[PDB]
Amino acid sequence: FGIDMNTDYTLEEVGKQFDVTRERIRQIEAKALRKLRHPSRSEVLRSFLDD
Amino acid sequence: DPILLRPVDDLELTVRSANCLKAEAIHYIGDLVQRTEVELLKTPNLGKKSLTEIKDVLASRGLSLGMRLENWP
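If you read the sequences in order, they're chains L and R. Sequential numbering from 563 applies to the first sequence in PDB author numbering. Sequential numbering from 250 applies to the second sequence in PDB author numbering.
Honestly, the hints are just simulated from the structure, not real lab data. A portion of the hints provided could be inaccurate.
Taking CB as the label site, the calculated pair distances span [as the list claims (entries may be wrong)]:
1. L:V576 with R:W321: 23 to 29 Å
2. L:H600 with R:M316: 43 to 49 Å
3. L:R608 with R:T263: 20 to 26 Å
For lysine to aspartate or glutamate, the following DMTMM-like pairs were computed, each having C-alpha atoms within a straight-line distance of at most 25 Å [stated by the list, open to error]:
4. L:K593 with R:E261
5. L:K597 with R:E288
6. L:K593 with L:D581
Chain R residues, not near chain L, derived (Cβ > 12 Å throughout) [as the list claims (entries may be wrong)]:
7. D250
8. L253
9. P256
10. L260
11. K271
12. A274
13. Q283
14. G315
15. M316
16. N320
For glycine and all other residues, C-beta sits at the position ideal for the given N, C-alpha and C.
Please model the entire structure based on the sequences and the hints provided.
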């Protein structure tokens, strides 16, 4: 995601910079997202949804 | 209690300890604080490090073992 940088890179771009295939980076991103879903965490992130 | 009824997903465990609990079939935090050290340590694939970080997260979020319950659920 484009957080704190000029551009949002493709998963293949990030893989080539980290030297890994797309599927590994995809699992890594999904791992991070799943961890961020984890209650006891992301309480405030949930608070940023107003409806 | 708000957290004693919180399921073992909130315990911040791995899948090794997760399947340890599935082999024990404990969900709520009051339930996981029901049991003792060795009674859970005796189960398969469950050694010192598993229960160690178990008590680690317990003491980090105000829990521990040797506890007991009355009318739970």
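Verification of the hints:
no., hint, in the structure
1, L:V576 with R:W321: 23 to 29 Å, "47 Å, violated"
2, L:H600 with R:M316: 43 to 49 Å, "24 Å, violated"
3, L:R608 with R:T263: 20 to 26 Å, "24 Å, holds"
4, L:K593 with R:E261, "14 Å, holds"
5, L:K597 with R:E288, "30 Å, violated"
6, L:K593 with L:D581, "18 Å, holds"
7, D250, "15 Å, holds"
8, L253, "15 Å, holds"
9, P256, "10 Å, violated"
10, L260, "9 Å, violated"
11, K271, "18 Å, holds"
12, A274, "21 Å, holds"
13, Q283, "21 Å, holds"
14, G315, "23 Å, holds"
15, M316, "20 Å, holds"
16, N320, "26 Å, holds"
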